[PDB]
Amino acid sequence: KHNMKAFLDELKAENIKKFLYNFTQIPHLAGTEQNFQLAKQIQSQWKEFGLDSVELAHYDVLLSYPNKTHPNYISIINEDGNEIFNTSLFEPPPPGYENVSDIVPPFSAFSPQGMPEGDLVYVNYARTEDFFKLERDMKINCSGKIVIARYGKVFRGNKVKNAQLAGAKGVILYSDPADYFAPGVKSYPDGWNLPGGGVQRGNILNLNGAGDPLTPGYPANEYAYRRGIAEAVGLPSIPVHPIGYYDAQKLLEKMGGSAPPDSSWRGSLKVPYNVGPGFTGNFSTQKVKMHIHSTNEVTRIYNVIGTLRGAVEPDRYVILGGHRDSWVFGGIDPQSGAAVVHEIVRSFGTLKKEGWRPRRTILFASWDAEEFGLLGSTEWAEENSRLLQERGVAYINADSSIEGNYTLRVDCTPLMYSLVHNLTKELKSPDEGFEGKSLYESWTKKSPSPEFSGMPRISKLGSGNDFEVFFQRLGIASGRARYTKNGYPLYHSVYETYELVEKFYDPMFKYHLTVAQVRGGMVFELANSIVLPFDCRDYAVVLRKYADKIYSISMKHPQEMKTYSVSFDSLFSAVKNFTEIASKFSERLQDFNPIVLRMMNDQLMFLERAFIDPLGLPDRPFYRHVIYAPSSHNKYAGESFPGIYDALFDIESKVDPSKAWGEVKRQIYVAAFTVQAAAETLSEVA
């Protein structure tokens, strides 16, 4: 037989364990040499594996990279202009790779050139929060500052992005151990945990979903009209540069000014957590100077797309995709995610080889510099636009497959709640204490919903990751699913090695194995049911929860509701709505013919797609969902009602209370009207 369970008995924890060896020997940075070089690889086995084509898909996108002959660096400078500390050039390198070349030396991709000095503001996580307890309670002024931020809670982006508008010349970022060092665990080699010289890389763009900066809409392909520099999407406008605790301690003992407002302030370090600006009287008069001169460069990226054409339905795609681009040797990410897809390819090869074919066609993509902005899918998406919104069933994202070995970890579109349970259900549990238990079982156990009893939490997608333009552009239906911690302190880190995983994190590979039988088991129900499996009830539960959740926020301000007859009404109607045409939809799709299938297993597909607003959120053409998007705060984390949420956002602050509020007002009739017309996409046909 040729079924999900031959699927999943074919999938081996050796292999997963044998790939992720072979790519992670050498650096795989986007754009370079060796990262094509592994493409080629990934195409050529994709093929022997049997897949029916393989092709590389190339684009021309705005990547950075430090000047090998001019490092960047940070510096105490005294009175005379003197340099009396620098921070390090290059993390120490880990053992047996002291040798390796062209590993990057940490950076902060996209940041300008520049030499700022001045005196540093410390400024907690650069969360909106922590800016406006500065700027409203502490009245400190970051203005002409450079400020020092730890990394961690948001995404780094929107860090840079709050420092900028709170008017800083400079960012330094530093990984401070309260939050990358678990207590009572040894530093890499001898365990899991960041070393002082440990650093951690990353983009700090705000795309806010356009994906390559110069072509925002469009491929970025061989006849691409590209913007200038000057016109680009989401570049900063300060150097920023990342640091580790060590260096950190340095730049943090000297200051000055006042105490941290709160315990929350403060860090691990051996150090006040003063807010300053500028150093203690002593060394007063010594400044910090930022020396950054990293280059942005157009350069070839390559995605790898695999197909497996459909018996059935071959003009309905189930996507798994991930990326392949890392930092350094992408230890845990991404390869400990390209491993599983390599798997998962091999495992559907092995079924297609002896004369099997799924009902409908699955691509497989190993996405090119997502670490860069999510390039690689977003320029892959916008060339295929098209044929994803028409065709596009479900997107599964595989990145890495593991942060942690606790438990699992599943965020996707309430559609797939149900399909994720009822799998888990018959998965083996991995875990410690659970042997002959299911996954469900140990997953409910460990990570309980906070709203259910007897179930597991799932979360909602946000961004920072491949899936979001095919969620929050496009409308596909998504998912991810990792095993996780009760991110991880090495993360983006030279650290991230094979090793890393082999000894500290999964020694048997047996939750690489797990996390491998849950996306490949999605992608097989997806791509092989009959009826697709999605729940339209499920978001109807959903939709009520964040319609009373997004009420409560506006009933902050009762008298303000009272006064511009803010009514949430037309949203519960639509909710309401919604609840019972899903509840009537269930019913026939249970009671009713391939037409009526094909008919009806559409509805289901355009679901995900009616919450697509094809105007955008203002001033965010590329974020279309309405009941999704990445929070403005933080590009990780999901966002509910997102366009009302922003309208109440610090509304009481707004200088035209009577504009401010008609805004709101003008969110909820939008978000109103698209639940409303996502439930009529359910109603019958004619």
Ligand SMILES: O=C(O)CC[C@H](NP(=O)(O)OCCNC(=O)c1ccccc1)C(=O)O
The other form holds:
Number of protein chains: 2
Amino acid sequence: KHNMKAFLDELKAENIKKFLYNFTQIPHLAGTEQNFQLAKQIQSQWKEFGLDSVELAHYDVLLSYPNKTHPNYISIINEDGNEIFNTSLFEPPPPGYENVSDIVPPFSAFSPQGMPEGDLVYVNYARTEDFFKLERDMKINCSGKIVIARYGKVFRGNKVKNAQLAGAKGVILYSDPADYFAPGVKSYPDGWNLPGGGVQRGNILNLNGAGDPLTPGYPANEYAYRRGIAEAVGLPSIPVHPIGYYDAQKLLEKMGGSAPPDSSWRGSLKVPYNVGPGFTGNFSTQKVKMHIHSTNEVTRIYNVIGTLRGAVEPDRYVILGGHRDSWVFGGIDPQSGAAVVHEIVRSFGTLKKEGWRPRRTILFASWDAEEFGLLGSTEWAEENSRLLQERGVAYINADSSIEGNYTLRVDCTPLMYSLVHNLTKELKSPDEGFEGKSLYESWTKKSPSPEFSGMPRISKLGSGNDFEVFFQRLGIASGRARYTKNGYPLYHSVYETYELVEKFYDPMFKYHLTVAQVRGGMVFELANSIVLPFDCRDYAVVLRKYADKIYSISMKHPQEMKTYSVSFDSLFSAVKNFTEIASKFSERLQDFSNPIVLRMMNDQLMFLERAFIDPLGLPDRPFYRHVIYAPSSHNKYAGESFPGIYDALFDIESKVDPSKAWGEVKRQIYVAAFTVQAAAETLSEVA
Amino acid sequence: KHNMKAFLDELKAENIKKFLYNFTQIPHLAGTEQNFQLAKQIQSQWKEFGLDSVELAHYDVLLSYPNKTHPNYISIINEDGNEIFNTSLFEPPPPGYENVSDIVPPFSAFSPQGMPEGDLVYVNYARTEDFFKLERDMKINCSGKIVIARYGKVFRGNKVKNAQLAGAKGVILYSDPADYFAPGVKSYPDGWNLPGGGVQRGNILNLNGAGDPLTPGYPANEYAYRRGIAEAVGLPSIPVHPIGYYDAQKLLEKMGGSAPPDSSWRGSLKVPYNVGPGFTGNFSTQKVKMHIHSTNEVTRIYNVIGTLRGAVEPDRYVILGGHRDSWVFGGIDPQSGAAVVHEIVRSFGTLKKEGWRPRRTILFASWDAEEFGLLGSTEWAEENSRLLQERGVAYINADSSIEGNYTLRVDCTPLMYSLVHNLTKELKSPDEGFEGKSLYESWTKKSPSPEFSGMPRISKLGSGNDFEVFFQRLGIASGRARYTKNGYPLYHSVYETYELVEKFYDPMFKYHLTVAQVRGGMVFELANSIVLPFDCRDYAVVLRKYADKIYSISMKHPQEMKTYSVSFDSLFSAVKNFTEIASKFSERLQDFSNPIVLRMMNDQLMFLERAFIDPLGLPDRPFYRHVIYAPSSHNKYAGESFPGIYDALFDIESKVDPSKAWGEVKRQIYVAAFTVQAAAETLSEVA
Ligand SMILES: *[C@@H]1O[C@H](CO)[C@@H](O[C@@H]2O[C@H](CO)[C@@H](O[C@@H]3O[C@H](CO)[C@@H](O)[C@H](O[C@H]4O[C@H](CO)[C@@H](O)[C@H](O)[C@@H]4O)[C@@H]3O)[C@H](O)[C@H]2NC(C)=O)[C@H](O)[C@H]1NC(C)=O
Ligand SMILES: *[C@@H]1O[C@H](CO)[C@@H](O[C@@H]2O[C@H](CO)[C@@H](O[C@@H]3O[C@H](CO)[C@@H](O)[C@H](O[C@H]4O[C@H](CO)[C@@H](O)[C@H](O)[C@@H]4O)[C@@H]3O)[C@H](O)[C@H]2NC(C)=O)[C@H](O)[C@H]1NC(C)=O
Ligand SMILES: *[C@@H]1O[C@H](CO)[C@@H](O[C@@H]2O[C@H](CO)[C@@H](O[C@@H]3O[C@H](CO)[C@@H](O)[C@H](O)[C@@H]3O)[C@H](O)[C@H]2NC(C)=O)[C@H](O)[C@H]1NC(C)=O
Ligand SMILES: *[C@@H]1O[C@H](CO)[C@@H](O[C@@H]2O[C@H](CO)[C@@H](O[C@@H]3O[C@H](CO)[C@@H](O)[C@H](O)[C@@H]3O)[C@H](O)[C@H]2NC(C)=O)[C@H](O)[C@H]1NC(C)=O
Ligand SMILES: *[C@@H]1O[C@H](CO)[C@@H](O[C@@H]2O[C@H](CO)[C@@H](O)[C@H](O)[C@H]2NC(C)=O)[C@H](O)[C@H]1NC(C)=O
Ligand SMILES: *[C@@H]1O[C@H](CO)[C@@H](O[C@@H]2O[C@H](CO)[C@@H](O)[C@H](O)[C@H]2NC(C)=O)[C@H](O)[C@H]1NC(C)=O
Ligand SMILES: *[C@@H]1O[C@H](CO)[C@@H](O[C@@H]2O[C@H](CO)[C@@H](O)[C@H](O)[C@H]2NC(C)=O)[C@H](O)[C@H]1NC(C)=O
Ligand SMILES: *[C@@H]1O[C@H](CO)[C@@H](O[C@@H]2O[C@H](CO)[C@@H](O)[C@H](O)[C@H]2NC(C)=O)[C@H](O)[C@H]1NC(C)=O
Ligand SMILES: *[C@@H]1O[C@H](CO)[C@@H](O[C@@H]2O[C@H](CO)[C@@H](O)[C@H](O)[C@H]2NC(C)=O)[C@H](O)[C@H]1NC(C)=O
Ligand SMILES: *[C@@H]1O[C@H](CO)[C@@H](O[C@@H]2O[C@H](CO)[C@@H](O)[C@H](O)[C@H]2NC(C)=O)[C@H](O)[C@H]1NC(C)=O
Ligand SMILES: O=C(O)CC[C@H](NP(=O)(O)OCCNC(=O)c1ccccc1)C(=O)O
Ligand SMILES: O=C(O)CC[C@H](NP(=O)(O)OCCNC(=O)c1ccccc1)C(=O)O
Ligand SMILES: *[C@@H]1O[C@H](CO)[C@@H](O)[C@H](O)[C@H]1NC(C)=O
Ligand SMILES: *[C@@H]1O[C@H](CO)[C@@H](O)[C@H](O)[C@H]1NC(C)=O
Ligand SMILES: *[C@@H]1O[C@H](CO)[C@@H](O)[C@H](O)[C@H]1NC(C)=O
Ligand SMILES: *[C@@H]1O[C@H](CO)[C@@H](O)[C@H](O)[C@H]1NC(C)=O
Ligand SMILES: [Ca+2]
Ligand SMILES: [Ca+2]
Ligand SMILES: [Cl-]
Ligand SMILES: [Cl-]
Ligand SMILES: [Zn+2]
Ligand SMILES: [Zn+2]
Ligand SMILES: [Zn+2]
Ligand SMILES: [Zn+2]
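Let me have the form deposited with this ligand bound next, following on from the form deposited without this ligand.
To see the whole picture, the full complex is given below, headed by that same chain.
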């Protein structure tokens, strides 16, 4: 038979291993010839595997690269202008790769050019609360200073935005061993830790879902009109550069000024973690100087788009997508995910060659330029937004399959919770000590739900990956799954190789296979189940949780709620109505031979995520349109619930016009209550 | 049998007459008790007639009324401050209505309060080109002047916007007999002309599709957060008041200053039509003083929403809607349309009582507060936008059925052209001299298409009526039809009564019946045809016409097109692609027992109008989202094609930064080409 088990059994760990090796021998940086050749290879193989059509979709988008003949670096400069210490020009390459060409040196993509010279201030993780502590509590002024911040906790673009708004004239990012060196594990190549010369690449944009900085709203096709660079979206205004902890130590060790305020500001280096500004007495006339000469350049990128046409509902799309571009070899990010997609395509294709087709159309995507701001997925979604709007059932992401070997991690819309619980109960756990047990059992034991006994944790989607446009802009039900730790030290470094994965993460490729089963099984059910496998009642449960949560934040300010008559009554009423209507819809869904009633009901299911979209967007973030979830304004990686109300309440005690600020809280309560009620009403009887 | 002919034959002229009489005995001003009682009556009758459900949908929106104890008027004031002439406080009521209560005196709805005193400038119709002529050619400065303008040619809100931007401190609107008194016809009550004491009421907002001024984007429900009045949408900044031509004569007769520039500035009164500013020598120290004391007031309004559930596709909606509120008796506007809707509901209900149901759901609407800015339709569409987005097949408007007795007038999306041609070929002409001939024959003879031999004229939709939110905001295929002249003199005056219609417009009610057949027949076909009755190829034809037209406007500036490399190549390419893809889709539609392929194809048809929506809206007009059509920025009543490019090109030779201005033309070309190609691609094979 051709059923989910046939699909799942055809997936092989050895194939995933072979593909991973194949995808990680040379760098595949977005916009480079190497990455275009890999696109062509994947296109050819997906055709061979049996897809109906496989095309490249190309766009010309703003990318950023160092200047090969004018390298980026940082100095300590003495009184006379002599550079007495320089940061590294490259990471020492790993064994056997010391002759590999085209390894991009560490840099922060989209940094402007400059050579700012000044006194250092250490800003911990450069989070919003770190700058509050500096400016409000310690009375330390970052204006015209170079800020040094440790990576971790939040997306690096938010750090740079925060430093810019504090008045910094440059930002140095570094990896502290506190955050990137696990106790008792050896550095690469003898373990999975970050050596002192390792450095994390990565973009520092604040795009808020715009896609290519030059063409917000529209695909960057051949005739696109482009904004000028001065009007581009999300570019930083000050130079930024990342360094490793050997180099950071040399920059921090001389720091003077104020002591760190408490232990949460101290990393693991043998330095005092003084905040500054500037260096201690003997070195007070020394300064730090950045030299950044990277350039932004409109460059062609290529997505591979494969189609497996549905037998019954070809105009309903289930999308499995993940990126292909990498900073260097992409041993984990993204090729551990891409190899899994490749094996999934191969397995679906095996069934297709035997005469099977899924009920709905499956689209498979190899996205380009994810690392430069989700550019490939976002431009393609901008190009196809009307098709996706009206036909998109679900999007399953497929970036890195493993970031650890401890347990599963799933982030998804509440509409997929039941699907994920049911699927994982039917899959075998790959975990030691759980042989013969289900993946649901091992996952639930290792990652318990905070609210429910005998249930696993499932997180909210934020951003920082290619589902963003589908979920937060377009309102298509989205999910992701990968293996995780109890992100990882070698992230975006030259050391993230095939050998890292094969030796230290997943020698048997069993965690990769488990992830392929989860992602592939979700796609299979979404594309083949007669009734779409979404449970609207799970959204009702979470909406009440989120409403309780946002009300509790507001209730920290009882006097103001009294003064400005701030009531959450409408939001709770809408949530209550959603719960009631969803229950009734579930009864009809269970109780309804009529394909029109079925499809009518499948359309109600498909458009339910869509109903949470507000076509006016969130305040000053027009491409974040989902009213229940948005990426946190303080950390793109984290999801925030009722974001419009959350941001209206955030730090509200500091606003100079409380009447206006509380007015805006009330406005956001009304928008949220209305959107919840409107979404509920899409589940009512249609006439 | 239950077919379209059964539906059409059940419609009766005598019923339409009885309903019109019933709806026009007392005023039904929006927000008044009288109009709530009429809503309740219609609700009850639609239930009796056989609809499945009939509900009131109420909202609390900003309305505007004169102050009953502090009347609005205008004076000529002499040097000493004595008011030597005053305009009328009311229109002399028509025979037999001189004791009717609650006739709102003439006023301009949403005028602010004030008592500005100053010198008059006469501005013709206060169109954009009239102000260009004044300021650029005649060097006449309106700043701090009271402007007097004749009604006609463009929506009165645009006149007020233009006067405000010219610096006027007040606007007086009047009806010139040149525009409102047909030669050889008697004034009311002995003919259909406007007497010298008649006055046109009407709102002067510039809402650009926002709906209630206080709640743009969201329905004005019980918990709505409202903007403060200073942030409200579309309110005028200067006092405005309308007067009749006896009073206008007294204001114009003393005008001095410059002569009218040419004959197109002269009306039919026995005055020189001097532009001013101010009065001739002997009266130079006299001024004009306005006294406006109207108030804006949040007020409850009520739409009646009736549902006839579809037998096969209950989740597809065909909507027949028209307003119920009137300025006074609403003899033509809107009750000539409302009486027709009422008879249409009655006829559909007769079929339903015999066991028939339409294939798709039909929704019937009696909208409130249309006269105050399309408020009732727009708030309801804001409330139900997700249902309408995903389920709305078509909207047929049903305001005034007759504005003349000469011929039919149809304005609609190209998607309905074929439907309208086919339907009118099957209806009898009511016209004298065409007995036994089709309505298509009489209409085509009287109103020939400018481009095609043996075809009738069909115009573009703009705004100024309740289809606006459905078509220009939401992208639901929309149409309207009414009888017209070869708008009308008594428009918005107390004289627009039942007797006006019965005596002078349509004594036999045959034109009303013809309009009921056209509107009802369109609804019947849209709700019952197996394949939706839309021909995408008709959109291809018009898109080429519009592209030729916009290119021709640009080509008035060859040097600039050379300098800034302004090419329309992408737009023509997209139009060519649309034409090709539409042709292929039509072949499949004709060539495809499979209800999924059918519904898949019906969905492609339904979402084709939807594909012309840009979720970012047009520049500075976020609620006008259709890229092919928008209401003209100079005249809300008129439709403009490729509005984004049109407005970018308009008066471009006057812009101080030609590089920036031509850059924006190129941007709008890209948006238009992309949207046309994207809409075309919705008609491609789906996978
Ligand atoms: C959740 O679903 C419930 C339906 O089960 C829905 O209930 C609706 O609530 C509204 C707002 O409370 C009700 O609105 C009232 O409607 C009546 C007419 O039916 C009006 O007369 C009321 O207005 C008077 O009272 C107001 C409040 O004191 C005054 O401000 C006002 O000036 C009037 O005096 C009022 O508008 C509505 O009838 C019910 N609908 C039902 C029961 O069917 C509720 O709104 C949903 N929640 C959300 C967030 O949408
Ligand atoms: C109307 O439909 C047609 C399809 O029938 C569609 O044609 C497409 O046009 C685009 C733009 O002209 C073509 O794009 C080219 O694609 C190739 C790869 O296939 C590229 O190599 C080309 O880029 C090179 O040349 C450019 C122009 O000189 C340079 O600027 C560039 O740097 C490169 O050197 C180019 O991107 C596309 O292939 C066709 N697609 C087809 C034929 O299938 C057309 O776009 C549609 N009209 C609209 C408005 O969408
Ligand atoms: C995840 O798995 C669960 C457990 O199988 C699924 O729930 C079960 O769904 C079935 C089919 O809808 C329900 O069966 C129905 O039972 C009622 C009797 O009350 C009957 O009227 C229907 O004809 C049908 O037999 C069953 O009750 C339900 N079990 C539960 C909720 O415990 C669930 O749907 C799966 N989730 C997915 C597919 O997203
Ligand atoms: C308006 O009326 C016209 C005239 O009847 C409709 O056009 C006609 O539509 C029919 C049905 O689709 C076409 O018949 C088809 O003919 C082809 C043979 O080429 C065959 O393959 C199909 O099986 C079917 O018989 C007919 O050709 C066509 N006539 C024309 C275009 O002159 C039109 O569809 C109506 N418009 C509406 C309903 O919106
Ligand atoms: C990755 O695998 C691909 C597919 O097997 C390899 O590309 C093939 O290489 C052979 C030998 O050079 C050619 O004859 C084929 O035409 C290629 N097939 C394609 C591109 O579809 C590629 O060599 C492998 N890369 C690495 C580093 O092992
Ligand atoms: C990258 O840096 C190089 C090396 O400094 C730049 O090349 C120089 O450009 C200037 C003109 O601005 C020439 O006069 C020099 O002769 C060049 N030097 C060398 C060694 O080639 C180059 O412009 C930079 N590339 C960019 C900014 O894209
Ligand atoms: C850090 O790097 C800089 C740049 O290469 C070095 O400074 C240069 O030294 C050369 C050779 O002595 C001079 O001719 C250049 O003018 C210097 N350039 C600048 C910008 O100062 C510097 O010596 C290096 N410092 C260390 C400690 O290695
Ligand atoms: C308009 O017609 C309606 C419906 O026939 C009339 O309202 C009815 O009036 C009678 C007698 O007063 C009542 O017994 C009914 O209850 C009413 N029916 C309703 C409201 O549905 C109304 O009188 C007519 N108005 C005019 C001016 O003729
Ligand atoms: C309408 O105009 C009346 C009449 O001038 C206003 O009523 C007066 O309001 C003032 C307070 O502002 C009182 O002191 C007077 O006694 C009132 N006069 C009379 C004759 O009643 C009224 O405010 C206006 N209504 C509005 C603005 O809604
Ligand atoms: C126009 O109307 C005004 C307001 O009613 C009249 O002026 C008033 O006249 C009365 C009685 O003589 C005075 O007590 C008021 O003080 C006046 N009010 C104002 C605002 O001036 C005026 O007489 C009328 N003019 C004509 C020609 O009828
Ligand atoms: O520009 C962007 O938005 C992201 C680009 C790029 N994405 P990528 O490195 O491939 O993946 C980020 C890894 N982390 C996650 O996906 C994540 C998200 C939420 C919670 C925990 C982890 C980056 O973070 O630099
Ligand atoms: O606020 C609005 O947009 C319009 C309100 C109100 N609409 P209403 O008087 O009922 O109908 C306007 C009549 N003219 C049209 O509909 C029309 C539209 C396009 C071309 C020719 C005529 C008005 O024009 O004052
Ligand atoms: C920080 O420093 C600059 C002076 O160089 C000043 O303009 C700015 O206002 C300072 N901010 C605070 C909070 O002291
Ligand atoms: C794999 O799991 C083992 C056992 O818990 C652990 O020692 C090792 O650190 C894990 N590898 C990685 C990369 O986390
Ligand atoms: C119109 O009049 C005022 C002077 O009262 C002046 O400020 C304004 O600039 C004038 N405009 C022109 C074009 O002369
Ligand atoms: C009705 O038609 C007749 C004949 O052409 C004409 O004399 C009359 O003016 C028309 N009535 C109206 C209101 O247009
Ligand atoms: Ca873009
Ligand atoms: Ca509103
Ligand atoms: Cl992922
Ligand atoms: Cl109409
Ligand atoms: Zn990644
Ligand atoms: Zn990455
Ligand atoms: Zn009207
Ligand atoms: Zn009107």
